[PDB]
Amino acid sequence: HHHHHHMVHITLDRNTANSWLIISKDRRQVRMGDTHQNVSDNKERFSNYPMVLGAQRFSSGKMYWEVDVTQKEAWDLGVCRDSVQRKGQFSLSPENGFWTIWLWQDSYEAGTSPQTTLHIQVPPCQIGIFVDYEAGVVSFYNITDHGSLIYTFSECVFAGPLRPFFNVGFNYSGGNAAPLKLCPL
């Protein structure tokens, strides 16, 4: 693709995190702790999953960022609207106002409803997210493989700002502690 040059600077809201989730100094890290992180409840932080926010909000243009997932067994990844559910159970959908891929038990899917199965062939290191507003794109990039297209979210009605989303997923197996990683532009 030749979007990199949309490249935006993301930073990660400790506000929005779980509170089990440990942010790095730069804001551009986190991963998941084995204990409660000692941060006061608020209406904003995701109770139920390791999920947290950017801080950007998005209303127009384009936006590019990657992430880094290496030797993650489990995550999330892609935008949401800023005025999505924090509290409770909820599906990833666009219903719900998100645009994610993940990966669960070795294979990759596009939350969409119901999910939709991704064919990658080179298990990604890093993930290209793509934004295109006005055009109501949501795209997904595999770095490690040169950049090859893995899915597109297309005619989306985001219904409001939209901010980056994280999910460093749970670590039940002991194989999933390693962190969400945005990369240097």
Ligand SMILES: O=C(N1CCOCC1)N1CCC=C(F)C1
The other form holds:
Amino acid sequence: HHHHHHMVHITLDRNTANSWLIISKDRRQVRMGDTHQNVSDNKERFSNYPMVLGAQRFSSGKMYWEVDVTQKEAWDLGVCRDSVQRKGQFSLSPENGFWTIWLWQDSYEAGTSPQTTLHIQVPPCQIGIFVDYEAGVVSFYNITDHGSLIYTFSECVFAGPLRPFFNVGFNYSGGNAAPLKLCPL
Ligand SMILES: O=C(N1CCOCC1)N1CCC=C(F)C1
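Structure of the form deposited with the ligand bound, please, following the form deposited without the ligand?
The next block holds the full complex; its first chain is the one shown before.
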């Protein structure tokens, strides 16, 4: 791909984080803590899952960023509406305002309803995310495999401002403690 020139500097919004998350001082890394992180509750925090939003809001144009997923067993990545549900149980789908992919139990899937099997020969260590607001496109790229396409959501109906979306996943296995990291430009 040739989307790298739309690179944007994403930072994580502490106020939206699940209360177990630990966000680095530079707001560029997030991981699952082993306990509640001693923060107050608020209506923005994702309550049921280890999720957090980027601070940036996008309503036009083309945007690109990269995320490091090295040695994780489970995670979700993509974008979502600013107005997504924060409390209780929900599925990741475009109907619920999410455009995402994930790793779970050794398979990669796109967050359609129902979910779509992805075909990845080279397990990625870094993921590129491209959003074209006007075109209604969200695309995912395998940076480990020379930028190869993973998945494109087209005919997207954003229906609001978009925020970068992250899920570090649970760590029931003891093998998923590693952080998500926003990679430098
Ligand atoms: O219930 C948990 N868990 C963490 C410990 O392991 C069990 C699952 N929480 C609270 C709700 C959302 C979270 F991210 C963390």
